[PDB]
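Here the complex is missing a single protein chain, while all its other protein chains stay put.
Letters A and B mark the chains as written, and numbering starts fresh at 1 in each.
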Amino acid sequence: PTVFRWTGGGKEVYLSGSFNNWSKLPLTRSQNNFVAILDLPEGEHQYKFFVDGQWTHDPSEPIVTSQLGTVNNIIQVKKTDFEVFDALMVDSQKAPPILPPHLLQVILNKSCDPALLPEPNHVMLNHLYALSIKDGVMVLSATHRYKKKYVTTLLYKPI
Amino acid sequence: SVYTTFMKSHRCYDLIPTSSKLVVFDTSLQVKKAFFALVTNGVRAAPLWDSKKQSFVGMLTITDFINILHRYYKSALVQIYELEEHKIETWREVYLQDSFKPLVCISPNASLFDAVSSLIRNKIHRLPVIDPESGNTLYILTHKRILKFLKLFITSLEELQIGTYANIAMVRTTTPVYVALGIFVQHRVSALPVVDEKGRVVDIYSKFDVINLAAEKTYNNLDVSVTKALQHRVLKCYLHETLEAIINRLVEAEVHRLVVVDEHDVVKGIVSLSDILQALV
Partner (left out) sequence: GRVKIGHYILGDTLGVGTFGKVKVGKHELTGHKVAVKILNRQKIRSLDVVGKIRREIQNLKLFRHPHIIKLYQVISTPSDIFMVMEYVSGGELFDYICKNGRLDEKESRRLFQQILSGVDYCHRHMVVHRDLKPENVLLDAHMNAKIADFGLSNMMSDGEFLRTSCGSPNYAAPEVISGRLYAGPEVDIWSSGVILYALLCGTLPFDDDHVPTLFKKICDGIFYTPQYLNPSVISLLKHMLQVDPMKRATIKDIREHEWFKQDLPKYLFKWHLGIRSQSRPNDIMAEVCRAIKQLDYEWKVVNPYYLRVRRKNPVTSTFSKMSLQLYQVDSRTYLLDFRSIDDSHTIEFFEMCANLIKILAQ
């Protein structure tokens, strides 16, 4: 289905087009927009407007000038125009931020299983945390999510 | 077998917990610091990463501590200079020479049966679970966890004949830790029952009780008796008891193996978590 909107005032406005054998079709006005919606076959269609006694075209829409000097708008209704995600894909063509307190809420410092740990806030996953280098050995750590479970891996690495 | 079919269906992942901790050691790490880190983190085994190899080469467990301790203890008067200043790889080079043993692992999507089989297949107690897209080690699958899972879903010992009952490795009250460690090395079994003046069992020194030496920094003295050692902190079963009720006993007390004993509390054999999951495979 294709939308036909005439932006600008008028008492009576009609859409003549190759699709309706150039018959005068009346566009309903809401406010300053006069519209009609109609499905047209995946092809080339020419149209014009009968806006209050005058014949125009939308200057903003693509036109075609005839061998006889007839100026009409044109519309190439593409396959891509039909499907939402197909169309949306085709449509796509200082100071240091303050430290969010969230990145300080860890799950290691704060009877029970030492391997078992609390569930983390999504916001602290994949972030590198480390322990002070005591004895020329660095201790790095990070919580990562695999499926609906989480693993806080800590590497004992000499330097 | 009904149990065996249920394990063949369940994915390893289902047993991985909500949020776990994983300790990985770079092979270039001083092996003493390595054991000290197991104790501090509260872990019984950790995977090893060779940076030059860019892969997990193996697992560092308490057996490694037992092994070093025995291979290298000279006396209480000298330092185990070897342990004190040796890297994980420097020792892995020694421990495994012309005798080569690769890294055993499982996938989270791989079967629970496939995993239980892999443990007995390669004769191990710790199995690292690795996701193939990430290459990341996620969890370490243990017999205790798989059994607690099977027992969670479960809704005589003399008849079925399950466990090791002949030429059983055990120590006396007086036995020094070194001697006991030497046994853990030659026999290669998880725990050693402590026997009195009579064949009756008084206590049990486990591969586990060997970490307290690391923990308390007391490894420098292995002349100490097995009882002297166990002072920092008994469970028995009989041949006239059902397997369902015997499996129930092991998980309710969360013990790695039960002692098969007679009326006079004298040793008859042992039934490990190992043997149980095997008989159910």
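Note that in this section contacts are C-beta pairs under 8 Å (C-beta built on N, C-alpha and C of every residue); 3 or more make two chains touch, one makes a residue touch a chain.
Visitor: Kindly state which of the options B:134, B:161, B:174 or B:242 is in contact with the chain not pictured.
Guide: B:134
Visitor: Out of A:30, A:54 or A:67, which is the one that touches the chain we can't see?
Guide: Reading the full complex, the residue touching the unseen chain is A:30.
Visitor: Give me the chain A residues in contact with the hidden chain, please.
Guide: Output for chain A: 1-3, 5, 26, 28, 30, 35-37, 75, 77-78, 81-89, 91-92, 94-106, 108-109, 121-132, 138, 140-142, 144-145, 151, 153, 155, 157, 159.
Visitor: Using the document's contact rule, name the residues of chain B that touch the chain not shown here.
Guide: 24, 49, 51-56, 134-137
Following the convention adopted for this analysis, only the chains that are shown with their structure count from here on.
Visitor: So, what's the distance in Å between the C-alpha centres of chain B and chain A?
Guide: For chain A versus chain B, the centre distance works out to 56 Å.
Visitor: Using the touch definition up top, name the residues of chain A that touch chain B in the complex.
Guide: Residues of chain A touching chain B: 107-108, 114-120, 135, 137, 143-144, 146-147, 149-158.
Visitor: Which bits of chain B are touching chain A when the two form their complex?
Guide: Checking each residue of chain B against chain A gives 13, 16-26, 28-30, 33-34, 37, 41-43, 49, 108, 131, 134, 136-139.
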